[PDB]
Amino acid sequence: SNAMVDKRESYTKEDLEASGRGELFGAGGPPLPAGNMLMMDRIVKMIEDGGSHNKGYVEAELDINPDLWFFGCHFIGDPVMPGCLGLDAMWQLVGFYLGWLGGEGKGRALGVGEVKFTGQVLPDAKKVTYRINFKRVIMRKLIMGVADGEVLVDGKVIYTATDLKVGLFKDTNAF
Amino acid sequence: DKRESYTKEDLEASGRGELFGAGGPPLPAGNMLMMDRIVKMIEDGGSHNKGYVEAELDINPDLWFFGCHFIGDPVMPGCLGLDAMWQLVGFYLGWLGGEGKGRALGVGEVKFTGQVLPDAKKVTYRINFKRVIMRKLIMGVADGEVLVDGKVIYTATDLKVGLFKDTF
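If you're matching them up, the sequences are chains A and G in order.
Residues in the first sequence are numbered from -2 upward in steps of one, following the entry's author numbering.
For the second sequence, the residue numbers in the entry's author numbering are 3 to 169, 172.
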């Protein structure tokens, strides 16, 4: 277990940038992506016994403005946030939760069971919210999380994902 | 009468809405484009006899995502290989002549069982259509595989993409 976790109920943008550098959880813990792969600006809630299965609830936010890098290239003439990046935000939060519980290793998304898109994030939106309900959390020799997730734009559910799966790996030589 | 392969220049023209008709769905441009070439397109080809696309992405250590995902541990985001598969499903719908704005509508089971590191050489995408539906919404359903240097590393079942006359 990684005893160096700065374990709090919420995290700021500075915390998320520190995580990208490996500083928030310390040397052993999984970093978030940095730069243009970081898909949120804050984590508003982390509740270890919360959510649908009483195994974890995580809520995070991404602030929207028209200049975010992905709007200009996806697509020319038709800006819209890539659904794959909202899905990645949820994978990143699953791995972050495993690190928050003291899990050590590199994060690797393992997949998802089903994703349904029913709406979109346009450049005139204001806020994307990610809500993660953890269903299975293994914190042993194997470190893995299984969760369901939703993406909201300005309070409206637009993506659902069931069976998001992420593991932490001291070594990725099996990949 | 349709071409069966497309070059990087063609894919960049697609991003500008300039490969097919003005109404055809553009590929992503810039950093969101996840392919260098389409090597094969077969109408009613592939594993279900309903359509096939094969495409490639050349790997080098300077691809933008390596530097930020993750610091100290460069690896291609699985989500971007998944997006390439959605991109190719929508591209096939436009290749058939479908018009509209492309939107991923969902996917069934996705498995990431291997990884793309900066020392890899080539990623291959293989898309096997199961259904093409030409209605007010044009929809494509397909299974997909991603390979790195000959090894299957990602799979996706029931990729679904729509072409919308208007947006959802």
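You may find that some hints are simply not true.
Claimed, not checked - Cut-off 25 Å, straight-line C-alpha distance, at most; resulting in silico cross-link-like pairs (SDA-like, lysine to any residue):
1. A:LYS167 / G:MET141
2. G:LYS113 / A:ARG133
3. A:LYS103 / G:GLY23
4. A:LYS167 / G:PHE68
To be verified - Computed spacing ranges between beta-carbons, pair by pair:
5. G:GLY25 / A:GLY152: 28 to 36 Å
6. A:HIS50 / G:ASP121: 49 to 57 Å
7. G:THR115 / A:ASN33: 41 to 49 Å
8. A:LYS42 / G:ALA15: 22 to 30 Å
9. G:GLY74 / A:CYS70: 34 to 42 Å
10. G:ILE73 / A:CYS70: 17 to 25 Å
11. G:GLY25 / A:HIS50: 45 to 53 Å
12. A:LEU139 / G:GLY74: 18 to 26 Å
13. A:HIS50 / G:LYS167: 38 to 46 Å
Note that these hints are calculated values from the structure, not bench results.
Each residue gets a CB set at the ideal place from its N, CA and C atoms; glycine is no exception.
Numbered hints the structure breaks, given as an ascending list: Going through the list in order, the structure violates hints 1, 3, 6, 7, 8 and 9 and respects the others.
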